[PDB]
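As a plain string of letters, each chain reads:
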Amino acid sequence: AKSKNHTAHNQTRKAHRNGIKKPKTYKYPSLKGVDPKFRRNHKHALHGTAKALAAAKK
Amino acid sequence: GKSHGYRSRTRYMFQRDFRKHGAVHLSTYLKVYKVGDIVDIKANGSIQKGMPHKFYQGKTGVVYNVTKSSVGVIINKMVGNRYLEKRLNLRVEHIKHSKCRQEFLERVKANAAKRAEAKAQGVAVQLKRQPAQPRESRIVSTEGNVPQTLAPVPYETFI
Amino acid sequence: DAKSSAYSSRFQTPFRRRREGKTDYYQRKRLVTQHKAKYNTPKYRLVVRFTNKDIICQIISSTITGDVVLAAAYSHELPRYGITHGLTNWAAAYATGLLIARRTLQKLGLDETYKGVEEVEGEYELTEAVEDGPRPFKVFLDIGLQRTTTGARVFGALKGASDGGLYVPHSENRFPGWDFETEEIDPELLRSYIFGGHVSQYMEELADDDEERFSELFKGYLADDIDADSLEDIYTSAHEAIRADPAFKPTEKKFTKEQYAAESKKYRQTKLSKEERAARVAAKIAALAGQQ
Amino acid sequence: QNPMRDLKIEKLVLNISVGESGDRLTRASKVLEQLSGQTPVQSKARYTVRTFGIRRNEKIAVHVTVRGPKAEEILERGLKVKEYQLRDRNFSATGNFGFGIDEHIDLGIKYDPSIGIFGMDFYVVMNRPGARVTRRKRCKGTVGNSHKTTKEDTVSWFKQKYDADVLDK
RNA sequence: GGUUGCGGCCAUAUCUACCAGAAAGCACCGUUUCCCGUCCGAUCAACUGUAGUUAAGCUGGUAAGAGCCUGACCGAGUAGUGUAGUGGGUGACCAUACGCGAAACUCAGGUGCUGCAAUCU
RNA sequence: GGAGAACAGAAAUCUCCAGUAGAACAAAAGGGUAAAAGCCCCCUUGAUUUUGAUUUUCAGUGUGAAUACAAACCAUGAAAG
RNA sequence: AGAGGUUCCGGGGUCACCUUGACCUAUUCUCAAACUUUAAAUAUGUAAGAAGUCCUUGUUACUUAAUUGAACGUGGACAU
Ligand SMILES: [Mg+2]
Ligand SMILES: [Mg+2]
Ligand SMILES: [Mg+2]
Ligand SMILES: [Mg+2]
Ligand SMILES: [Mg+2]
Ligand SMILES: [Mg+2]
Ligand SMILES: [Mg+2]
Ligand SMILES: [Mg+2]
Ligand SMILES: [Mg+2]
Ligand SMILES: [Mg+2]
Ligand SMILES: [Mg+2]
Ligand SMILES: [Mg+2]
Ligand SMILES: [Mg+2]
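Residue numbers (the working numbering), protein chains in the order written: chain A, 1 to 58; chain B, 59 to 217; chain C, 218 to 509; chain D, 510 to 678.
Hints are supplied without guarantee of correctness; some may be wrong.
Derived DSS-like pairs (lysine-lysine); straight-line CA-CA distance at most 30 Å [claimed, not checked]:
(1) C:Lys220 / B:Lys126
(2) B:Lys92 / C:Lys355
(3) C:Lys239 / D:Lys646
(4) A:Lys21 / B:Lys92
Label pairs and their calculated CB-CB ranges [said to hold, decoys possible]:
(5) D:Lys589 / C:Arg430: 29 to 37 Å
(6) B:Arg69 / C:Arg485: 47 to 55 Å
(7) C:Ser226 / A:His9: 47 to 55 Å
(8) A:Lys2 / B:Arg187: 56 to 64 Å
(9) B:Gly116 / D:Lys657: 46 to 54 Å
(10) C:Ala500 / B:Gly116: 50 to 58 Å
(11) A:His9 / B:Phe162: 33 to 41 Å
Hints are computed from structural coordinates only; laboratory data are not their basis. The beta-carbon is built from N, C-alpha and C at its ideal position, and this holds for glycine as well.
Work out the full structure: start from the sequences and follow the hints.
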């Protein structure tokens with residue numbers, strides 16, 4: 001039975017009913033995809049920084 | 059049959075920009091990309107490894123990852139009724155810095171300098187950009203500039 | 218000849234130095250491009266170039282505005298260290314590489330550490346790292362356009378720069394003494410080439426074969442009585458002459474650059490302007506069509 | 510005019526094109542080897558004709574390239590066959606020239622087996638000093654107009670020493 | 001200011017014809033024992049800066065030059081185009097209102113600029 | 001393509017000049033490529049191991065294809081890579 | 001669509017000729033969804049900062065010839 005195949009009518013209206021949402025950026029993004037050699041170092045740099053700050057504060 | 063491949067409808071757009079074919083000049087490789095740098099995506103069609111998709115050309119994103127020959131760029135992509143974050147592993151032949159951000163940081167330096175100068179004085183600075191304000195009052199002189207123009211022209215044909 | 222305007226319009230030139238035939242950009246991209254996570258770290262190359270009558274060794278990094286020379290040494294300042302003849306030979310390439318290595322190391326403050334191969338024996342010795350100290354200065358060889366043959370004297374500057382103390386990464390199989398048949402090097406043949414053995418044997422063979430060719434070639438050796446067995450002594454003395462003070466004394470230039478400019482401007486043709494160009498065109502019209 | 514504007518031979522290239530491989534072309538290699546003192550190089554056919562009898566990659570020719578004074582020595586030994594006579598043709602517009610002889614006649618005969626007759630092509634490439642500037646790798650330039658060999662220059666160099674003449678039958 | 005080495009932008013740098021180049025540099029150029037590579041020391045390799053030369057490369061200059069680049073109230077506010085009307089017209093299309101706005105053409109100017117290092121009456 | 005070379009010419013091989021790609025890259029078409037990505041030579045198996053991340057079709061599922069890394073282990077090259 | 005350019009490039013006609021085709025050069029008329037040096041309008045990505053900027057110097061097994069950088073920080077300053 002012949003009929004309508006595809007249309008993008010009403011899709012932008014439905015898209016903008018509940019708005020088009022920007023992805024809500026955060027401080028401290030996830031390290032997913034960042035270089036593993038950087039990540040392994042950065043874990044230790046953070047651990048040493050927190051160790052030195054606790055030693056300087058106590 | 060419908061064709062929807064990875065480089066479909068990319069005939070003129072990965073094309074190599076008449077009389078600028080050939081090798082990639084060395085400043086492309088000599089630029090330095092850091093995490094948080096905002097970069098424009100324009101795919102070099104001569105370099106086939108690490109090409110972005112045809113969606114991502116023209117798009118501007120923030121570098122999140124820096125690797126040996128590539129950078130990772132976050133592009134927000136409108137998918138349906140929301141945006142999604144797209145992490146892109148693009149070799150640095152398809153990436154250049156964003157001059158909008160370059161002049162923004164020169165504006166930040168200029169704003170800091172003007173606020174420091176206004177703190178050297180005691181006066182306010184008013185350091186926001188303002189739009190094109192309407193023009194102020196003028197006195198257009200006529201000396202050497204007598205207003206002289208005639209009417210519309212007749213219809214001649216000159217075929 | 219007489220190209221069409223469509224040819225000239227659609228023609229795309231190579232860069233400038235590919236046009237000039239001086240730079241391999243295919244090699245240059247690979248030699249200059251740094252790991253992007255080694256963000257602003259320069260990538261230094263030992264540029265070794267052989268003109269006629271000179272050897273040029275430079276330590277060159279790259280910026281966008283242009284290349285930047287850290288330390289450069291030429292073989293025509295080997296007369297101040299003692300080598301006055303054959304300034305483009307294999308041994309002069311070695312001594313130029315040693316000179317730029319010592320000059321670079323005391324420029325960086327890295328010469329007391331990394332003395333390099335003091336007693337030279339022709340061994341394939343690659344500069345190793347001092348434990349719990351600064352690493353050796355890593356410099357990659359840039360030969361440019363000239364071909365890699367087993368025994369080319371650009372690998373002389375490779376060996377000299379590696380022996381001076383720079384960590385210049387290489388393999389031993391382009392040095393003289395490498396056999397094609399077996400995968401072993403001849404350190405004694407390499408050591409003869411270091412101290413000019415290949416010139417000395419030809420000096421002692423030309424005098425015994427035909428004295429006419431030994432008067433054409435090596436006329437400068439007979440001019441100031443440099444005997445053929447003292448070449449090793451000359452190059453040996455020049456090596457610690459290089460090592461004792463590689464500090465780059467420059468020439469006095471015996472003029473100033475303003476006098477140089479004012480004297481070389483007298484022979485540089487000056488471009489004409491619009492007015493005399495149009496006057497030449499108009500006078501050409503009048504003379505060529507003044508009814509003869 | 511200048512000592513470096515002097516026409517000198519680069520190479521005499523000697524060509525035997527034998528439209529079949531194997532024994533006949535090994536004889537053709539033998540005669541060029543003993544004539545030149547260097548081993549010749551063989552040339553494969555670019556494409557298949559089926560009327561010339563050649564096939565692709567079939568080694569249907571030999572040739573050798575002689576430089577220095579040894580080319581000048583084979584020049585007279587070829588020109589005596591031509592009776593020191595060339596033509597208005599045989600001289601390129603780029604200033605090269607060449608001719609063709611038969612029998613490789615007698616000059617320096619070896620043991621001389623049942624080889625047969627082998628004609629051959631002589632081609633002489635002329636230029637001046639400074640021809641390295643198109644052949645060297647670095648700064649591979651182009652020889653300027655006053656220094657380029659012409660047909661008039663090479664026929665004047667021929668109607669000079671070797672004492673010959675052209676176009677005369 | 002010349003020149004070299006390494007370059008950045010990659011024709012204002014290319015191409016064609018011709019002329020000039022002091023000094024140094026570069027180059028051609030000389031040699032074939034060694035390292036090495038060729039059918040051929042032509043290229044590549046080595047050796048000598050010695051026998052020679054600026055002839056060429058190279059550099060600069062010239063041309064109502066080709067090309068290229070820049071600019072223009074030059075074409076031209078033209079073509080196209082967004083928006084508007086219960087506008088015109090049978091229609092094709094077109095005019096108007098609020099906006100944006102080319103290209104070819106035509107003229108004028110230009111014909112490499114420059115970074116690091118070394119050297120040169 | 002032009003000019004030349006016994007047989008040899010329209011076309012056999014040899015030589016020179018011009019040659020911005022008008023060639024070639026397995027296969028459609030498009031893109032790309034000139035000291036190359038084409039042609040020839042030398043060495044070789046990275047067409048290997050393990051695991052994440054990413055892109056495109058996407059519901060941001062699967063499959064296919066690809067991208068950039070990370071720990072190895074190799075190949076190549078003077079080396080950068 | 002005409003102009004200019006001599007050839008056993010099979011124009012028949014000297015046995016160098018009115019009755020030469022292609023080709024080459026300078027022009028000429030008209031075009032292209034799957035042609036293009038160019039190149040809009042409309043639509044379209046990003047940025048316009050406190051998660052910011054500047055100064056000092058802490059951590060690291062990453063990175064550098066080298067605390068040289070990278071990333072995250074402490075402390076200080078800047079809130080019409
Ligand atoms: Mg339905
Ligand atoms: Mg399609
Ligand atoms: Mg485009
Ligand atoms: Mg190479
Ligand atoms: Mg030679
Ligand atoms: Mg050489
Ligand atoms: Mg012009
Ligand atoms: Mg010019
Ligand atoms: Mg293919
Ligand atoms: Mg293409
Ligand atoms: Mg290659
Ligand atoms: Mg599929
Ligand atoms: Mg359309």
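Inset, instruction - If any of the earlier hints don't hold here, list their numbers in rising order. - result: Of the numbered hints given earlier, the structure breaks just one, which is hint 1.
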